[PDB]
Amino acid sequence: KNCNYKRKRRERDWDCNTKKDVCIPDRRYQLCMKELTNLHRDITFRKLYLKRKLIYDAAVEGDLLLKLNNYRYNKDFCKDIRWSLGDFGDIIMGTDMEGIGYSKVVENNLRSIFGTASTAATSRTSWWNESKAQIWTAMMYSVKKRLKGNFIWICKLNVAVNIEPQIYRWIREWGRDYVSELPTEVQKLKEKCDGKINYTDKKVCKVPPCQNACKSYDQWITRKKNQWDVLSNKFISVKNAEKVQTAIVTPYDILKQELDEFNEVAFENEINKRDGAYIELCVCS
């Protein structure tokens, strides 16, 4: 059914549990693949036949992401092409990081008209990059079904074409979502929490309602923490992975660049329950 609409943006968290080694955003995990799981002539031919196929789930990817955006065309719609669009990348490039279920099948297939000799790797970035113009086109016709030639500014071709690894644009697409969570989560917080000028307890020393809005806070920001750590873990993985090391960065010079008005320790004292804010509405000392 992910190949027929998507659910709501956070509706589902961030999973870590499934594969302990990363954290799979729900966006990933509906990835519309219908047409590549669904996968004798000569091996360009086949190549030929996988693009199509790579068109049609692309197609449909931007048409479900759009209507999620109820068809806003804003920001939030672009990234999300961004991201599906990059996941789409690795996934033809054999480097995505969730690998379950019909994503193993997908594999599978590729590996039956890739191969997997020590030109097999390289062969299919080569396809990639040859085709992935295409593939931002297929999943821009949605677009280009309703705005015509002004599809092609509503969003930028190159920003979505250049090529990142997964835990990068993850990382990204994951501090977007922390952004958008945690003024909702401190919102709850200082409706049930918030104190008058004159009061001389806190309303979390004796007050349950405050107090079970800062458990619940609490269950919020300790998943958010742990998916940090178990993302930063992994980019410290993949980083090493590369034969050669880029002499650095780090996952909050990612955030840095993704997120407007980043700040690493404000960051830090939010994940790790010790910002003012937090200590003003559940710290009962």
The other form holds:
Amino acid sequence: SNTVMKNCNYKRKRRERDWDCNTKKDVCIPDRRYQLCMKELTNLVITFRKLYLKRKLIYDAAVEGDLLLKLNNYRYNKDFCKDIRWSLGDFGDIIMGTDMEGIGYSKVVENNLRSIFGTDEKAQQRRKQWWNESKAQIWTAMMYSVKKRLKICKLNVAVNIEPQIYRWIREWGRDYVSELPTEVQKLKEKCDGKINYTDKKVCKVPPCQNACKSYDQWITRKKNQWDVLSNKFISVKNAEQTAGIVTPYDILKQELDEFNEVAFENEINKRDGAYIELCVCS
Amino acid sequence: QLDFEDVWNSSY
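Show the form solved in complex with its partner chain, please, the one above being the form deposited without its partner chain.
Every component of the complex follows; first up is the chain already shown.
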């Protein structure tokens, strides 16, 4: 993250900024991660250094949680619980030193953590241990505003540890599923049917052609994102066991309600029936 | 705008 204060004061709206696959070539970073509140973790200069870290983390987490609730228009629902889960997870990887963003102020935080837990070859074990001891309280802190200010989120699911790439694929899948129907709706509004007895509208109608171009650009980003994320999953998996999850697709099948692998690959490769009907002249 | 003390004591 290249900012420190602002992202602890407000969040950009959902899918306002798409996943970023260009900053670091072998991963795509979600806007939520870029904006993760880490103000206190950044600006901080033994058993007590750990204690001070705990206080700072508790406070950054409570603010992050509050801002995620606000981002969701104060709705206490699944979208909120998932966001809490994703951000909690990212805090965990930051603490454990296995976060994949590593941009700007995230580097400062990592330096601070190395200053705290040290850098020897058993430091990583200590960081993981400290996280496992603290994670339940960090989750609880993220739920502060919901408890205190607001007028169904499950700890156990939230604090269960899995690699960041797994979690990011879950979050990505849920974004994709939300975006698809919207993008299709925009297409149908302009491209449904024919312009004459024989030719689809996309053959001649500029607004439809523009619409197909916009869809093309969107689906091309989705394809690129799946490509990058799914391959990061494989490389991470090869270099590291999770029961029930063998392929990146298994994550989507388990996270999403109605996933179908063949249909999904059809969609992101522009060979699904609906896209062809609407956007392919012949 | 969150009160640290209240947050700290609420988190346990």
